[PDB]
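Novice: The hints should help you fit chain E with the ligands onto chain A, whose structure is shown.
Single-letter residue listing:
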Amino acid sequence: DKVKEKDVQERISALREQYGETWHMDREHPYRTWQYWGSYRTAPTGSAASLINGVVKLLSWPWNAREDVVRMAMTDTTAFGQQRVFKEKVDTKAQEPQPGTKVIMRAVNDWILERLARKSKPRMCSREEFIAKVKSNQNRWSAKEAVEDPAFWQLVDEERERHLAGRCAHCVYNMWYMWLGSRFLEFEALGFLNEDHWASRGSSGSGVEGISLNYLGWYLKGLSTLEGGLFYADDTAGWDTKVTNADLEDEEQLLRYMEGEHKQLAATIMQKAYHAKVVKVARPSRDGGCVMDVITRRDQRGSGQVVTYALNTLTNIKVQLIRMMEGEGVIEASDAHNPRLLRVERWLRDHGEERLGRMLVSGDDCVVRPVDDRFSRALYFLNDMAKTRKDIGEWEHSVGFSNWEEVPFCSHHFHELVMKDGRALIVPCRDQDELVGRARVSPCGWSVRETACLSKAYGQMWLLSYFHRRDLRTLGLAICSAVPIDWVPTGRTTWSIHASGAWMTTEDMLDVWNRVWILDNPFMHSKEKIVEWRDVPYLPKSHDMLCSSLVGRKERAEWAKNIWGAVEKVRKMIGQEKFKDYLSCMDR
Amino acid sequence: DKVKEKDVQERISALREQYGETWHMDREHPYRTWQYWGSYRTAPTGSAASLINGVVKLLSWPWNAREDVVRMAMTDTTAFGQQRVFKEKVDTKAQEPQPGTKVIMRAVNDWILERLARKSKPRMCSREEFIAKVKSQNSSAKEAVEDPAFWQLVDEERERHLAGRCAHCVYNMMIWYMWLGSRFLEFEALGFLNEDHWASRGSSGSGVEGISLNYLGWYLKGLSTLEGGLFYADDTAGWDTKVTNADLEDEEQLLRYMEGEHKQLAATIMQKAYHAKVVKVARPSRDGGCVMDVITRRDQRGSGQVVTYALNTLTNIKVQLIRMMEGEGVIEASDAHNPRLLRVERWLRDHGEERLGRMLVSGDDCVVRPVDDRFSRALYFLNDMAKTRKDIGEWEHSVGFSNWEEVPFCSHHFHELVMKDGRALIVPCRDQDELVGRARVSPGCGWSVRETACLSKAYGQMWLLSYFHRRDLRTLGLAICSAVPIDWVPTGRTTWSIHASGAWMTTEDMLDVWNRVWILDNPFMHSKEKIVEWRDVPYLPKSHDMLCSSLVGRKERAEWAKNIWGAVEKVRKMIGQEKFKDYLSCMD
Ligand SMILES: [Mg+2]
Ligand SMILES: [Mg+2]
Ligand SMILES: [Zn+2]
Ligand SMILES: [Zn+2]
Ligand SMILES: [Zn+2]
Ligand SMILES: [Zn+2]
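Chains A and E, in that order, are what the protein sequence lines are.
Counting with the entry's author numbering, you get residues 271 to 407, 417 to 420, 422 to 455, 476 to 743, 745 to 889 for the letters of the first sequence.
Counting with the entry's author numbering, you get residues 271 to 406, 417 to 418, 421 to 456, 475 to 888 for the letters of the second sequence.
For reference, chain A alone in the conformation it holds in the complex:
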């Protein structure tokens, strides 16, 4: 059994036995720090067998040999598999922090919301807005389809009216997301955090919301001009399962800045839906089919909440701001017991604004440039707050970097390139094998056209952000020469919230390049457009090979030669459509 857990708030919500035909109670259930409330037969779904995108396979055949380009479809959407992941990574309980720590945390936290709030007040959001966002991309309906049928709104109206009263009956997680009705209720109460850009750099000081990968490098580089210690870029092992109750209570202080129906609407979401969670988890039944368990708990963050990104940013800002304090000397392990609160409030009054600009924080990822490297050893309040660092001993010093071009952020590194005309670019880089490998994974039942379109998405994206990788420019230019001109791209190419998506057009890819890298790039003073791909730079060849490029081997050499043969196969595969030749505009 669990120790800390939900109580009477879960009742109205668990007490939809609308799967009553199959409701039962599996005494042999696995859950330990979650609370088992019953289960019901559900259609078994998921698979462990990998599906491979054929057009990307055809065009990138040396990547068969490579090993880390195949483990991306070592996935497992099967109940049995998902259950294993859950029992290893989700079913624990974070050690909540000691009471002094909690006092420092509330101090820093409330300081942060105060800052944020004075720029733009909390606010409710309109159905007409939810409509717009839906219209830009329990089951009686698409998403566009649902928001039209007034029966849908008549449903949210029912649950909304319940929330105003302070209960809800429908706001359950499918392990970790919800359905349109409750998703609108979130968006209404808390959607201001996203739509009013509370996690932007202007608002939160150290957030980076709204900056694409294509400009983030300028920010990394700007950090190197400050006085201080090394760049630090520790990562927290499994952030969402370490969001403690202290953490959640701190973020509920956002409620104070609201009033009226908005404060109520918000508080039900914040402390029923989010803090008294009711989760649907699939699990294999002992009779050849699939059961769904209903579990509850208090802490941890549901990864698919409407405002996970914002809250994780604000919360992680606070964690880093505290770590800064410990390392500077403002707090020490003593303060975990009887904290010197006036000491932290002075530091915020006197240095908070400056420390804010010393870090880039995007959800659970940071880059931190502290005033000196005492930050390495400053692990007490970090471990106390449960934000246990990945792949390092609990009390082992954090290792830093003096070259910003080596600091990892948002799954990337950033390098500076100088073009032929003397203008500098700072480009996002990533493992070539990691990027091809995700493109080789198919979302079955995807027709030759739908899979061609998904590939163009990857190819177009590679041209916006990894044009500086020989292998990828070639491979993206080939994909665009093998997929019809007017097939609009479709599909998810990245999950980062720094994805432009600017490549899901059917515009010329050079033309979008100039748009993002020059015309709209705020760091380009001169706005002279570039005319041909031959004038867009590359990384230095050493860097290319080192970030796992095939450049060098007979493999890559012979692949590059025979690559038109591949392109023609895909064309013949696709039929009598309009193709154009972008590969040859490599002076080839």
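Just so you know, these hints were derived from the structure itself, not from any lab.
The reader is advised that the hints may include incorrect statements.
[As the list claims (entries may be wrong)] Listed below are the simulated DSS-like cross-link pairs for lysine-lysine, each with C-alpha atoms no more than 30 Å apart in a straight line:
#1 A:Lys881 x E:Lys842
#2 E:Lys272 x E:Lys690
#3 A:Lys881 x E:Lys830
#4 E:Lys720 x A:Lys862
#5 A:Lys879 x E:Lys828
#6 A:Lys879 x E:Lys862
#7 E:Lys720 x A:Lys855
#8 A:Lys862 x E:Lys363
#9 A:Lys327 x E:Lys521
#10 A:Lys274 x A:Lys405
#11 A:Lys327 x E:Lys720
#12 A:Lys873 x E:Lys830
#13 E:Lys272 x E:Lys357
#14 A:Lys855 x E:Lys405
#15 A:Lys879 x E:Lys363
#16 E:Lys842 x A:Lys327
#17 E:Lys580 x A:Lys873
#18 E:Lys828 x A:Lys327
#19 A:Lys873 x E:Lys828
#20 E:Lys363 x E:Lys580
#21 E:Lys828 x A:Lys881
#22 A:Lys881 x E:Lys720
#23 E:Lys580 x A:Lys862
#24 E:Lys363 x A:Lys855
#25 A:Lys690 x A:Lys359
#26 A:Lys327 x E:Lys830
#27 A:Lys862 x E:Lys842
#28 E:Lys521 x A:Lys873
#29 E:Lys855 x A:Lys855
#30 A:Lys873 x E:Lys720
#31 A:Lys862 x E:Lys855
#32 E:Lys389 x E:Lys521
#33 A:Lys842 x E:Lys828
Specialist: Frame of chain A, contents of chain E with the ligands only:
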């Protein structure tokens, strides 16, 4: 010496001591779990020296210095060889399954037999049938069936079978081989299993009888589109020796779908010939000669029984339905000795028929695609029906595959291949050096230059038809066809697998037959435009060609494939003044 013995159904059979001139009774015989009934002197036969095909050695001299083409040379057919193989692999007793296991077995089995009976009922097969097969014991079987004396012999043993006694159905273990009259008796009784295609995919669900090896890959790749776990392709260590008495009785309940003469002729074959075995095994005498032992046994299967494939398929379908059911929850190891029979009856009726289509079963070989990867730990009932997985610990978890292209089946992998015209092929593949090694083996001493040439053509055309996608094999196959006369018709078996079409034992143009099997008669090719020249048939990716053995790069080969025409000429001058065409030059 044994503990599970035959009795009185052996006596009339072993009552041919009409080898009596030398019949005796070695007190120094080696049999533990077989029964000794007497030896008798025979002409010593068989060799352990490798006799290598002349023409294939001339045209592929690289592979001489290769301990992969000479591992096939070492086949010892001396009575001492046979004997040593026997004692190690065949003279054992499988542990018989537990009583509940046994119930579950007859439960699942009966489900299966009923299902196919309801689709086609057991029948007899006429002598017209048997005569027709033959067109395709002291000449050939073609002659043996025209002389009505051989047929009078049949009736003699036929009337004894109707009586319930066997005189001549005895196995030769050159555990099985038989003489014409006795084979017809088996064929007349049980031969519907073959002639009515009971192991057909359409009839058995999991079977693959009739699918050419050139088409199976479409079936493998189809499985990937199923929701489920990984692919599993455990291979059982020496299947036929683990076919237990349990297994045989279950098969025997096939008699409940016959009436009258049938149910007796068949009950005799199944219960006398198949289940009370009299086997002739050679062993070396102690006076410079051979002696044939006459031994008997209850269980195991003869490999050359007329319906070994069908019976083996069916019983394996049963074994694997049971293992799913262990790892699906339906069966819990505790009910090995007190069976929850109702569970397995529900599973069968509700889920069962869709489970049939997640397996590919061909004799003792399967590809299974379970509901989830619990199947990898479900080894209690698999170890209980004695079907021990080979090359892995008895309780060690199975290892799956996510990529259908990495799944092995019928001694082959399958890869997808896109042609220049854009159509897709799924070709079978196998280790190049095992393939050439088998051709380098001459089937007998005193084969003449003419007949060993004919046998090399048989291999060369087979390679051309199913392994055309290997650079080295296509060369070798084409060279062989250029060194052997055009009007010389291929002879001999080039493969024992039941999935061999044989379509290559023609003297027709190989491209012609290529197009007929890959396009014209190919059910998975919905465009029947034909291919004018070999230069248009695809290859396997050059990287995939050298991982799957091959030389390709290897200067040793570039030398070979340079002056291979020097070898063709040698073989021609060797053969004579005959009609030769130059198939090599239609290539690059
Ligand atoms: Mg990082
Ligand atoms: Mg196998
Ligand atoms: Zn609700
Ligand atoms: Zn890089
Ligand atoms: Zn007989
Ligand atoms: Zn292969």
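Novice: Compare the structure with each hint and give your call.
Specialist: Status of the hints after comparison with the structure:
Between A:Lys881 and E:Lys842 the CA atoms are separated by roughly 28 Å; this keeps the pair inside 30 Å, and the hint holds. For a cut-off of 30 Å, the pair hint linking E:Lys272 to E:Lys690 stands: about 26 Å separates their Cα positions. Pair hint A:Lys881 plus E:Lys830 holds up; C-alpha atoms about 28 Å apart against a cutoff of 30 Å. Among the hinted pairs, E:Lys720 with A:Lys862 is consistent with the structure: their alpha-carbon atoms are about 16 Å apart, no more than 30 Å.
With a C-alpha separation of about 25 Å, the suggested pair A:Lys879 and E:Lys828 falls inside the 30 Å cut-off, and the hint holds. This hinted pair does not check out: A:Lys879 and E:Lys862 have alpha carbons roughly 43 Å apart, beyond 30 Å. Proposed proximity of E:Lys720 and A:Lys855 is supported: the alpha carbons are some 23 Å apart, at most 30 Å. Taking the CA atoms of A:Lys862 and E:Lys363, the gap is about 60 Å. The hint is violated against a cut of 30 Å.
Distance hint between A:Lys327 and E:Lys521 is fulfilled; the C-alpha atoms sit about 16 Å from each other, no more than 30 Å. Taken as a hint, the A:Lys274 and A:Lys405 pair is broken in the structure, with Cα atoms around 41 Å apart against an allowance of 30 Å. Our distance criterion of 30 Å between C-alpha atoms is met by A:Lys327 and E:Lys720, whose separation comes to about 15 Å. Between A:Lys873 and E:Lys830 the alpha-carbon distance is near 15 Å, which keeps this suggested pair within the 30 Å criterion.
For the given pair, E:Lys272 sits about 14 Å from E:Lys357 by alpha-carbon distance, which is consistent with the 30 Å threshold. Distance check on the hinted pair: A:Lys855 and E:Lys405 sit about 55 Å apart at the alpha-carbon level, beyond 30 Å; violated. Restraint check for A:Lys879 and E:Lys363: the C-alpha separation of about 69 Å exceeds 30 Å, so the hint is violated. With a CA separation close to 14 Å, the supplied pair E:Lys842 and A:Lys327 stays within the 30 Å bound.
Between E:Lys580 and A:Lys873, the direct Cα distance comes to roughly 61 Å. Violation of the 30 Å bound is thereby established for this hinted pair. Proximity of E:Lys828 to A:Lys327 is assessed by CA-CA distance (about 25 Å); at most 30 Å being required, the pair is judged to hold. About 15 Å separates the Cα atoms of A:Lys873 and E:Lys828, which keeps this hinted pair within 30 Å; it holds. With a CA separation close to 19 Å, the supplied pair E:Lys363 and E:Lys580 stays within the 30 Å bound.
Distance restraint check for E:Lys828 and A:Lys881: the Cα-Cα separation of roughly 29 Å lies within the 30 Å cut-off, and the hinted pair is therefore satisfied. With a C-alpha separation of about 19 Å, the suggested pairing of A:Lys881 with E:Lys720 holds against the 30 Å cut-off. At roughly 63 Å between alpha-carbon atoms, E:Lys580 and A:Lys862 are farther apart than 30 Å, so this suggested pair is violated. Using a Cα cut-off of 30 Å, the hinted pair E:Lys363 and A:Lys855 is violated, with the two alpha carbons roughly 55 Å apart.
Annotation: proposed proximity of A:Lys690 to A:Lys359 holds, straight-line Cα distance about 13 Å (limit 30 Å). For the hint linking A:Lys327 to E:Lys830, the alpha-carbon distance of about 26 Å falls within 30 Å, and the restraint holds. A hinted pair counts as satisfied when its Cα atoms are at most 30 Å apart, and A:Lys862 with E:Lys842 qualifies at roughly 13 Å. Restraint check for E:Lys521 and A:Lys873: satisfied, since their Cα atoms lie roughly 22 Å apart, inside the 30 Å limit.
Taking the CA atoms of E:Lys855 and A:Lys855, the gap is about 16 Å. The hint holds against a cut of 30 Å. At most 30 Å may separate the alpha-carbon atoms for a hinted pair to count; A:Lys873 and E:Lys720 meet this at roughly 8 Å. Of the supplied pair hints, the one linking A:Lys862 and E:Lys855 holds, its CA atoms being roughly 22 Å apart against a limit of 30 Å. The straight-line distance between the Cα atoms of E:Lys389 and E:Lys521 is roughly 27 Å, inside the 30 Å bound, and the hint therefore holds.
With a C-alpha separation of about 47 Å, the suggested pairing of A:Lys842 with E:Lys828 is violated against the 30 Å cut-off.
Taken one by one, the earlier hints fail for this structure at numbers 6, 8, 10, 14, 15, 17, 23, 24 and 33, listed in ascending order.
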